[PDB]
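One protein chain is absent from this view; the other protein chains keep their places.
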Amino acid sequence: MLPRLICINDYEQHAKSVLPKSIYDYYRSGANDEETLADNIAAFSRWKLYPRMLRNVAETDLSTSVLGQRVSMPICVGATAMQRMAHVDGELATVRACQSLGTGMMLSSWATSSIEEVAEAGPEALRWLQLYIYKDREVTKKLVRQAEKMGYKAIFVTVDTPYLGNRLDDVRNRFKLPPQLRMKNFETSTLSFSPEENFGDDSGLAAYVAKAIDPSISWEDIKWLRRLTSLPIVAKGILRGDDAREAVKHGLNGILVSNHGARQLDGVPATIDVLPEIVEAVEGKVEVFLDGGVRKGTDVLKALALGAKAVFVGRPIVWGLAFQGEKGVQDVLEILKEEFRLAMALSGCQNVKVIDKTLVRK
Amino acid sequence: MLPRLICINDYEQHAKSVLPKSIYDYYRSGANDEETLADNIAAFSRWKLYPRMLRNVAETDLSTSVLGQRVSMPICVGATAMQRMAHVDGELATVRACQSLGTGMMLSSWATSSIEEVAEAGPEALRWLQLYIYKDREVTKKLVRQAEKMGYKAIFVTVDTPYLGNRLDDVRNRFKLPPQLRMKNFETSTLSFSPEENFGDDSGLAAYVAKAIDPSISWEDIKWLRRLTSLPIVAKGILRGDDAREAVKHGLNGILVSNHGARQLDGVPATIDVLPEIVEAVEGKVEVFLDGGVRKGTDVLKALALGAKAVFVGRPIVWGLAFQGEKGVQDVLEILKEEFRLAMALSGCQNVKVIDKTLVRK
Amino acid sequence: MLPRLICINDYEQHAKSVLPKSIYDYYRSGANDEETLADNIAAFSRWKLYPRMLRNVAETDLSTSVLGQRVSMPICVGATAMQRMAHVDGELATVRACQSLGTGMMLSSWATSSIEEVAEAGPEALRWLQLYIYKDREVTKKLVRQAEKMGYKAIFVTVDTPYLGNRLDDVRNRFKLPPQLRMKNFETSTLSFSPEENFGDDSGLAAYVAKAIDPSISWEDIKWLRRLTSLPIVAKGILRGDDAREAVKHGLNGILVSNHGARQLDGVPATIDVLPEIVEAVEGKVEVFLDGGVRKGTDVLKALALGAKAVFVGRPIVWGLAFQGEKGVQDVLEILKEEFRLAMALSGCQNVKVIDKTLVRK
Partner (left out) sequence: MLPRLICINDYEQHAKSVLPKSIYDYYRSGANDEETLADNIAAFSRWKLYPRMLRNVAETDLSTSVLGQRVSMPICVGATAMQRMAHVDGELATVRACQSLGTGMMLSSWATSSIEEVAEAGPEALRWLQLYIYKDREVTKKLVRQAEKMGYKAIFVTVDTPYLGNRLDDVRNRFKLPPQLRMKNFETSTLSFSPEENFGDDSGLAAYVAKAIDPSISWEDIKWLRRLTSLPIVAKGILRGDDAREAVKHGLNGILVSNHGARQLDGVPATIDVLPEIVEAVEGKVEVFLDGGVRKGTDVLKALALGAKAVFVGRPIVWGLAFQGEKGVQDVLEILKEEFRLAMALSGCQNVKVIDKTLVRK
């Protein structure tokens, strides 16, 4: 009769009921037959928890740090493009909620709000820029320079998207932005993903990527980026230990173990399953983060037990927006925070420093 | 047309048909997505039986002992709170059925009948008290002293509930006691869980626990309890071998391998799967019991084969109450007894002493 | 519109459509939650075939022998009680079909036709008696002596039924014989399972067994039987290697690896899964047979690859009867024969002697 939403799945169900089909499908979809999409969630269930009893959990402290900046909890907002499709306030709502929670927001290069607009809305929020390497390196450099100028604290360079994955619903729906919206970090019709522009007869976004994003990028482009900015840089989308070691060798400052929300290559493993290999490979030299399939407090606990410093959430944030903008994002983050606090307490962990590998077994 | 209930699942189906939704949901629920709830049952199915033929099973003897007290069968009633929601006679019905069967009843601290009332109803019944450590240690001590005075033979201290688990239906339903009922071991409105008292806008019971139950408890509180009473004490809710060894070191007299009916931390293993680790860890120094998912005679057989002295049943007892009070509990216990007798006979076991590890393989 | 039944599953579907519910349920059921019933079939699917190509399979020879008697195929009829419930001609139809096919029939002690009647109907058929050890050993001896006199060639002594398993539908349905039928090997109202006799308020057959069948039997009773008859004796219902070795030590002549069609102890392994252990344990000293879940030619092939001499089929035969008596049983046996011939041919096997362990992998 009146929404009573008490877990992240409830927010998704609500979002499906209120969003236009093409928009819900864009946000929900994975690549191809969505094998990895299912596995990102199923894999968490296979990792079992071995809680310690009688540890004194009256005072739980969820605080930690990400690349040297304190956060209230090891749960941060990951980059999700074009948030104004979910709610009129989009990324401005999201950053305000992050400011309230004391956690960080990773801003998409494909945001429907500019780097500057987001900084103005959340001046005291911890903010990072997710970067795509455009064919036009002057565009790419401008994004980085604006992030520096506007008080962003890291670059998350996405390394798994030389081309866009094939999301079948987006092809069926001929996905494009609603008429009033643009990718607001760009000036030209092409780069702003104008829905009045020719992006072919399939997914508009796949065509956008083919036109705008450089499929040639290599470790040499990582060298270029490392020279361009002194900001911390995290490689986002690494799934192999050898690639993780290469990122460390290139002077990067973190790895975000990610399969892009299962939206790129289908049939890759779940992120929680590859996380241990990556943690082992980097030998403590950089922080390792995870995204993909985080929906519950126990997911966060499992990721930290396997050596992630923090996790990022994608889709849950857009479901929060779809419910009630800033307040909805606040709600989703508070649910995750409280579920994580309870999971910590019930497993005997007073703080994030005592979350150890003995807590989990596959 | 007329109930013909011949197995425990039939009693649950009947209970669902007659109980108010909020009450059925409270009794049925597990925590969060109920992964462990499903696994407590599924795990029993993965343990396969290797029966011996031609052993002479004309005389089966199901009798055993629990902490030195003889019982008619290795199947005992576990603590389930607030039984008068299922049937007007609640815990008084349950204890009378246990008296008839010759098995033991573990009484919840959160019973809708007092320690004294239950003793008066079942004077010759084997009875134990399940204890929660209240913030108020005077309350806690009074519970123990009353159990001693009223002829209870052990304390089962619950160690997995510093806070209540998150049972989604109880949040949705805003679970609370029916207006005529109270937790009858307590005098004050707060501690008696009065449904006229302010227990917030979510699960009333979760708020009750946050107000009443001490999240700080540690092994030091176990030391306090061990000094307080000379009764046998069993640690209820242990899932790790290291914790089991610590319980032995603290002078406790048993371990009840339990995930709290899958109602606390979701994603812990099934109790039948962790039982072998715990049996190995305690090296025969104390009795080890199991609860969680026992529905059939073969479940009992599997638990004993893996080294449990006895098992406890939770939900089946409340379904018995929902059917027909004392008679219904009697029925459920008799079904379990007869199923266990048949399973013993068909596997070549004349008595519980010959139920060996070679009977099972995972 | 008109039955077109081309595989064993089709015969079952037809049987369900024409038989009274209580009769279909009696024949179909397994014990308790029917975990083993499902597994008897599922386990065959997990054993994969590794066919050899280009072996010359123009001439396939399915013939073999069972306990020294030639059969046309390694597929024989297992004991299924009370066949006249499925078709007026019951066991007489079955034995005539076996005579036509050139395979053997194992006659139930609980047949609705006498040992003599079956011999008269199928004088040239290979016939064996399945024996239950009655409390009354004079009854038991009479069965054996009649089998000897009437040209039966072996005794299959059932060793897994000290009591009947708990088949839930039979309890719900209060299973008993139709009014015109009896267990025709017995004279008295009790032993003939008269439906006019008091067999309690649950399954009539469970009560019959409790009254008639001896739960005390042991290896000493096997010694008695071995002394009583010089006929070959097969132990039916062995699931453990140690028991198989004991059967060999007692001078028995075969083992039928059987979980009684999953009708006795639920949660035992599938017969195809325990067959290798039993074959290994007996070291070629006696023939090993399998029943349980055989529905297709590839099931037969898998069993022989893992070292069974022959398989027995239970339920498929009664579905044949339900369709069209003798002709229906003939049809089912011919389908199994042809499926087995094709499976042999496609796997490169010209005869049963070349069916080797390399053909299968789990």
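Letters A, B and C mark the chains in the order given here, with residues in each chain numbered from 1 onward.
Here is the rule we use: a residue touches a chain if its C-beta (ideal position, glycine included) is under 8 Å from a C-beta of that chain, and two chains touch if they have at least 3 such contacts.
S.K.: Hey, which of C:296, C:309 or C:337 is the one touching the hidden chain?
M.R.: In the complete complex, the chain left out is touched by residue C:296.
S.K.: Of the listed residues A:6, A:58, A:248 or A:265, which contacts the missing chain in the full complex?
M.R.: Result: among the candidates, A:265 touches the missing chain.
S.K.: Could you pull out which residues of chain A are in touch with the chain that's been left out?
M.R.: 32-33, 35, 159-160, 162-163, 165-166, 168, 171-172, 202, 214-219, 221-222, 235, 237-240, 242-243, 246, 264-269
S.K.: If the missing chain were put back, which residues of chain C would it touch?
M.R.: Residue positions of chain C that touch the missing chain: 4, 6-7, 44-45, 47-58, 296, 298, 302, 339, 342-343, 345-347, 361.
Basically, only the chains that are shown with their structure count from here on.
S.K.: Among line, ring, star, complete and other, which one matches the pattern of chain touches?
M.R.: Per interface graph, the chains form a line.
S.K.: How many angstrom lie between the centres of chain A and chain C, each centre taken as the mean Cα position?
M.R.: It comes to 60 Å between the two C-alpha centres.
S.K.: Find the geometric centre of each of chain A and chain B from their Cα atoms only, then give the gap between the two centres in Å, rounded to an integer.
M.R.: About 43 Å separates the centre of chain A from that of chain B.
S.K.: Mark out which residues of chain C touch at least two other chains, giving numbers and ranges.
M.R.: none
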